[PDB]
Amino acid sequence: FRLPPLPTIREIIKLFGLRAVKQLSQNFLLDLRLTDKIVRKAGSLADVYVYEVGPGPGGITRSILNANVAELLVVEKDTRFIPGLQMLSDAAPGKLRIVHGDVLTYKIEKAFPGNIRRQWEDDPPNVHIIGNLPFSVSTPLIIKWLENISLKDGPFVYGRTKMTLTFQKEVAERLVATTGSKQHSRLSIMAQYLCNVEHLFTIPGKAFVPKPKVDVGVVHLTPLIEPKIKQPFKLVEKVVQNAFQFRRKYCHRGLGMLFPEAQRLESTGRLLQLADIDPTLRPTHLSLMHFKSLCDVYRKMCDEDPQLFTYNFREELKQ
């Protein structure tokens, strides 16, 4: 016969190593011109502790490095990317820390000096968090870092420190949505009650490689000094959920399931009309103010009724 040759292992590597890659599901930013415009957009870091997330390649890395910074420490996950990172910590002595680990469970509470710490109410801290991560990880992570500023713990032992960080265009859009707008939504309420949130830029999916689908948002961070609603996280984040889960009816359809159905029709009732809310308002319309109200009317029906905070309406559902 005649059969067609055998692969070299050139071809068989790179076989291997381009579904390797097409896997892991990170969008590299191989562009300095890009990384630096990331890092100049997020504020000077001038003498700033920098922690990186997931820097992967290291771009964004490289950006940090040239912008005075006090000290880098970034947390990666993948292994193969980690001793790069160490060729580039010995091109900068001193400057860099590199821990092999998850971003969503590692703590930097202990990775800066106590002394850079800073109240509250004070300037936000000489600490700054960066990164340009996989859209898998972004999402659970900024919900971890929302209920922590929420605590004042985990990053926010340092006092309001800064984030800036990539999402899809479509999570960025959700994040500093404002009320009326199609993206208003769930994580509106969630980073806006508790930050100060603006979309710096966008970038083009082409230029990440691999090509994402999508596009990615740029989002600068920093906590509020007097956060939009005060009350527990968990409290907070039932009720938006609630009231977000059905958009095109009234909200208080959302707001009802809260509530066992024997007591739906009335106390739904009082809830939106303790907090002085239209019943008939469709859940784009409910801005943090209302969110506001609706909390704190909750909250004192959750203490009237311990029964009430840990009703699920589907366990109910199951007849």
Second form
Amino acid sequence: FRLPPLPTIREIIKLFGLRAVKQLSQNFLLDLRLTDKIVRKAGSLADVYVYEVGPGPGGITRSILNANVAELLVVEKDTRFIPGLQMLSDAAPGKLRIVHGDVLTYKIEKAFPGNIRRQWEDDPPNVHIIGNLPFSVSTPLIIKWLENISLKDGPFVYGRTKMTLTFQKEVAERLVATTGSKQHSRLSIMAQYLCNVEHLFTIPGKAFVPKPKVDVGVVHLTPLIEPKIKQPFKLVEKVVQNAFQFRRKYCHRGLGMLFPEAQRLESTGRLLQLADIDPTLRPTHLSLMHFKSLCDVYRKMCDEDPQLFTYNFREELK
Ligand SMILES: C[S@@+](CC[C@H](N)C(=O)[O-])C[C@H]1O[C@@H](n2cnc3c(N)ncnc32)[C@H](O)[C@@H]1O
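With the form solved without S-adenosylmethionine (SAM) done, generate the form solved in complex with S-adenosylmethionine (SAM) in the same format.
Let us now look at the entire complex, which starts with that chain.
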């Protein structure tokens, strides 16, 4: 019988390679004109110490290196892109530093000279964070970094360092969404109460390899001199999370989950009364100032009742 020919090594390597690329679910930006645009929209990187997260092939890395950068540190998790990055460092004498690490855990507190550090109320320091990461990494990273801004530590020991990151279109939308909008949610409050957030532009998915199912939003973030809420991050996070869980219901329904059932009617009413908020407002209409009132009242309630802050309504429902 006539059987199909054997696959060559080229075909075997191709079959493994193409499937290895799809395996980590990423979107490479090979358009140097686009990576130039991201860098351009981020502002002037002249004499700025730049931290790039997940450089990969090095598209943005190249665009950063061509921008009068004082120094560029990159942290790369995949060791397969490390050789090419080293090659790129060779073309730029003393401009590139490479680390094989995880951005979710790597500390940059001392990666740059302490002299470039600035006061919080000062102008933003000569540190800038830029990166195009996979969607699974970018989302928890900003949430980690928002908490760092709250604590004024981590990347923000240098001061109010800027961020220019890519997010999936919908996430980028929520980050900048104003009150009343359908995309106004947790990320909206969590980012805006700590940062000035600007949606620079949106890159269509066609420009990425391989092609993602969605478009990619480019967002610029700058920490505020005075945060809109002055409570612990985890407290703000819990109130915001509970407020937005039932989107089609009165905010009273969601905020009520902060309190044990035996006190829920009275405490939820008291919370909204003291915070001076209409109990019938849908969560989408809750502004940063509404949450400041909710958080401040909830804080006083927690200080009065130490059982309150670690209450979880799911555990009670079981
Ligand atoms: C979609 S590529 C982006 C690279 C570049 N922006 C581009 O498109 O040309 C994402 C890169 O980030 C790296 N990466 C993913 N998760 C990471 C993590 N947790 N820490 C550090 N790097 C990570 C991967 O190695 C991958 O090369």
